[PDB]
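The chain that follows stands alone, in the form deposited without this ligand, written as structure tokens.
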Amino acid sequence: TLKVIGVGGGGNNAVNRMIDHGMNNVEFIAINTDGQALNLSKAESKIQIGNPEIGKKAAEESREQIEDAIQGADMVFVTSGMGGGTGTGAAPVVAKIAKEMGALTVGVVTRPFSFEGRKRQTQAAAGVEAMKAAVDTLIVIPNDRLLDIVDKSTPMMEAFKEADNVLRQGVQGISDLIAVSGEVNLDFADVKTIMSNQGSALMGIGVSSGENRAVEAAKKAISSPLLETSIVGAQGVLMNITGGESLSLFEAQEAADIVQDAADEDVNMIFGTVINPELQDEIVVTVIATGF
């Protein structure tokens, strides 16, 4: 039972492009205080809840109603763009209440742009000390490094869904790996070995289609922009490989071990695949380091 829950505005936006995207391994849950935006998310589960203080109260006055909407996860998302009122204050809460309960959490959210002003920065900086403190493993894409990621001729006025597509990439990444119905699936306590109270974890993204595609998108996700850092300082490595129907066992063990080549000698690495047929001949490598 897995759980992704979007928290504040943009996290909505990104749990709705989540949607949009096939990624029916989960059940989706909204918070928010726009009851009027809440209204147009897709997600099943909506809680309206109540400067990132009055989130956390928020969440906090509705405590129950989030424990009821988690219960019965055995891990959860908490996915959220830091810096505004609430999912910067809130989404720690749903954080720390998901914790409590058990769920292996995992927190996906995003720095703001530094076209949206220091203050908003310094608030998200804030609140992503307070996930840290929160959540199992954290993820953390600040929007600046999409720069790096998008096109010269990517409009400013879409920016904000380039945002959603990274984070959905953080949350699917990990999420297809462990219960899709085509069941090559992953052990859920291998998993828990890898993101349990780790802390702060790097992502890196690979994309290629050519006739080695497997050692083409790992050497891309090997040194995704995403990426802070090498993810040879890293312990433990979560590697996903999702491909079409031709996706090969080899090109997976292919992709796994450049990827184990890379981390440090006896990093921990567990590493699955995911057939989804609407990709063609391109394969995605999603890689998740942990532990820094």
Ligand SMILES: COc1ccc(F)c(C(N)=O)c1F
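Residue numbers count along the first chain shown, from 1. Basically, rigid core = biggest C-alpha set you can superpose within 1.5 Å across the two forms. First, how it differs from the form deposited with this ligand bound.
Annotation: the position in 151, 187, 129, 100 displaced by at least 2 Å at CA between the two forms, with the core superposed, corresponds to 151. Annotation: Cα of residue 283 displaced by at least 2 Å between the two forms, core superposition. Superposed on the core, the two forms differ at residue 272: its CA moves 2 Å or more between the two forms. After superposition on the rigid core, displacement of the C-alpha of residue 257 between the two forms amounts to 2 Å or more.
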Second form
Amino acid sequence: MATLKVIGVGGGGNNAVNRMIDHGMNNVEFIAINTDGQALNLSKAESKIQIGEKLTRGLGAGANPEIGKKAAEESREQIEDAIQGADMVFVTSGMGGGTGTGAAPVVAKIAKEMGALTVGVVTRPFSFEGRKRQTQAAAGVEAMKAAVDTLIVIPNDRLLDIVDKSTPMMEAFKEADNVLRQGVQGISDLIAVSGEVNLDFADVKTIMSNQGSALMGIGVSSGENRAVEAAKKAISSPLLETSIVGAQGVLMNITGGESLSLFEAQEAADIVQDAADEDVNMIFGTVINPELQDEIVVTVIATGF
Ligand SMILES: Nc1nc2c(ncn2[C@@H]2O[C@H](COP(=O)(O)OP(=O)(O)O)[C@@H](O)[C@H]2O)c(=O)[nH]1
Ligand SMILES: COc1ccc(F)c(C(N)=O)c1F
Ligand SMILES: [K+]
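Next up, the form deposited with this ligand bound. The previous block was the form deposited without this ligand.
To see the whole picture, the full complex is given below, headed by that same chain.
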């Protein structure tokens, strides 16, 4: 079976890895990469890599992305050894600081050279962090795009659209974490489960390899318009820089119980096709889970923008 690894690079990335481990994911390996040895000592990841100790003496990169980049380059063999064997790597990092900005594209490059299908899931900083952080972050996003197979960007300003004046900051961060964690879980499920119309890791590669921007979404619904609703939730994305609009390739899977109808599978597909507003090249899958009663789940991976 295909081996999935999630790598957190820098403070925000390792935060996301810690919160995902807390949440619980059972068939994914986690790797924590950081300059900051204090944060790395608190990581819940089974594999930890301290990079750049000679450069920083165990401190972070101090907002200097060139130090992050050098620290990763100098630890290339340790990063290779930790990746070796993965079929797919997700690299998550917060752009705009020194370690994520500089080291995450090096890690992603190493993963793609090690043979892994490589997906980046990165944040852009809040506008309140100022224009220099935003410009540094943009350069990291560009570098990440050059290094990955596909890239999901989460502008942190979008979190301000989903909170009220009291929502705890940590609850907002968990919402952003969901993008990665549900994208990972959806792939894990595809690999693990045999479908009635069966998709497998080669289909993931076809949809994701060397594609650029991506969307990864899941929607769950019940009741009379469940397929349309689940499809709409899978592609909605209030947190995403890349919406579904313009997608030219899509992997879509529908999971339901024995009641899953052909008609509602077409409805779901049509929602995705119409929201793309393009002629979508679809890879369509279906899973019948007789455990499920009235629940349906639509998973979408969209690329080709
Ligand atoms: N959404 C989210 N953003 C984060 C988190 N931690 C940091 N950030 C963002 O990521 C950017 C860089 O922070 P950090 O990863 O700590 O910097 P680095 O360790 O030096 O690479 C910050 O400017 C914030 O915009 C997090 O837990 N969640
Ligand atoms: C989330 O996508 C998934 C999940 C579980 C599956 F069995 C399949 C499949 N049709 O083989 C799929 F495409
Ligand atoms: K499968």
